[PDB]
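Omission of a single protein chain aside, the complex is shown with its protein chains in their original locations.
Every chain is named by a letter (A, B and C) in the order it is written, and numbering of its residues begins at 1.
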C-alpha cells in the first residue's frame, strides 16, 4: 500500500514487522526515514509529535512511524505523506490497557490500504493467542511507557479473569 | 474458547463472501451457525441486535453481516464471545467520506482477528481499491445500495473524483 | 499480496473454490474479463492443452481443482508470461498426506500462496489441514465430497489411520 498499518497488543512483534518491511525496501535501495517517539527507548528522529519532524521526510521513499498511538496527529501526517507519494508504514497499539481504542489509530484504519493485526502469546495461561494488553501496575495514566515489568499480553478470557 | 473475527474493507471487496466462506467451514464440521442480517443454520433480519433476543445462545457460531448498520454491534459481539461463541463480523470500516464507523473501530480493538480486504479500482481498473466512493448526491450517512450508488476506488482515484 | 500467478491451497472443505470465486468476482466488478476452467467464460476439460487459445482473449484465468491437471504448471506460466492474472485453487496434498507434485511445483513459480484451513470434521474443535478418505479405494484420483472425504486436524488424521 501507500498507508500500511500494523496493530495488535504488546509483545506481538509489531515493531519487528515494521522493521522487516523497512529492511525489504532498504535492500532495493529505497530511502527510509524512521520516526520514533521521544520517551520510547535503525532510527532517524525522535519527536513528541509529527509536526516537529518538519519537511525532512519529503526527501525519502518510505516513512516508518513506530509507536503510533503516542502521536496525537498521526492520521493527518500519514495522509499528507501518502498523498505526496510516500509509502507510509505505521506500527501501533490499537487498544489501551482498558481495551478502549486509540481513536487516532482507528481513524488510520479507515484511511489505510493495508491493515494487519498481529497477535501475541498469552503470558498468563501460556496456551492461547493473545489480542489484549493488561497493565500489571496500578496507574491511571493512559500513557505509561514500559515493558513486561508493567504490562503483559493476554487472551480474551485471561483478560476478564484478571480484571476481576 | 469464544472469539471475535472481523472482516473489513471497502465495498465490492468480497467481505460477505469471506464471511460465508468461514461460516461454511464451521457448517461442514456440524457446528451450528446463526446468521444475522440488517433488515442448523438460522437466519434473521433485524434493525438492531437487541431485537435478536436470546436465540443466538443456542448456536456455536454467530455471523453478523453489514456490521456498520448496527449501532450496538460491539457490545453484542463481546457478550456473545464471552459466552463462548465464535463471532464473525463483516463490515465497512469507512464511510463514503473516508470517516470511520466508530462502532467498527471499537470492534477492531476487541477483536482476536482483523482482516482488511481490498477491492479493485472501478475507475482506473489498474490498482487495488481500499475506499468507497458514493456516485449519487445524498448526505444520508446510511444509504443502502450497490454499484448503482457506489464504486470502490484506489487512493488517487478517490482524490481526483472528489475534486471534480 | 497478489500477482500474476496466485495459488490457493489447503485441504478439502477449506473454501478454496469460494476464495477463487471471491477473487474472480472482484475483477469482474472492475470490468475485467475472466475465463474459468474446471475439470471434467467457462469450460471443462481434462487437461489444459484442450482449452486451446481461447484464454488469450481474457484478463484473468481461473483454474479450479488444479491437482487434477497434469500440465497446470506449464499452463499457468505460459499464461502469466502473456500478462494474465492466473488464479489456481488446488489441493496441495492427497489423502495420504503426499504432495501433488505439479502443485508443489507451482508454489515455487507463484507470486502469491495462501494455504487455507478447514475445521476438523472428526473432533469439531481444531483447525484442519489434512484430508482423510472415508471410503476404501486406492485410486489417487477419486472425485467426491463429504460422502467420501472429511477434513481433519493433525492428531485426528493420525488416530484415524
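We take it that a residue touches a chain if its C-beta (ideal position, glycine included) is under 8 Å from a C-beta of that chain, and two chains touch if they have at least 3 such contacts.
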From A:27, A:59 or A:138, residue that would touch the chain that is not displayed: A:27
Residue of C:20, C:36 or C:93 in touch with the missing chain, whole complex considered: C:93
Hidden partner chain, touching residue among C:110, C:119, C:150 or C:156: C:110
Sole contact to the chain not displayed, among A:11, A:33, A:57 or A:134: A:11
Contacts of chain C with the absent chain, listed as residue ranges: 1, 3-4, 9, 80-81, 92-93, 97-101, 104-105, 107-115, 117, 126-127, 129, 154-155, 158
On chain A, residues whose C-beta touches the chain left out of the figure: 11-13, 16-17, 19-21, 23-25, 27-30, 119-123, 126, 130, 148, 153
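We take it that only the chains that are shown with their structure count from here on.
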Rounded Å distance between chain B and chain C, as computed from the means of their C-alpha atoms: 27
Centre distance in Å when chain A and chain C are each reduced to the mean of their C-alpha atoms: 36
Inter-centroid spacing, chain B versus chain A (mean Cα positions, whole Å): 24
Sequence positions of chain A contacting 2 or more other chains: none
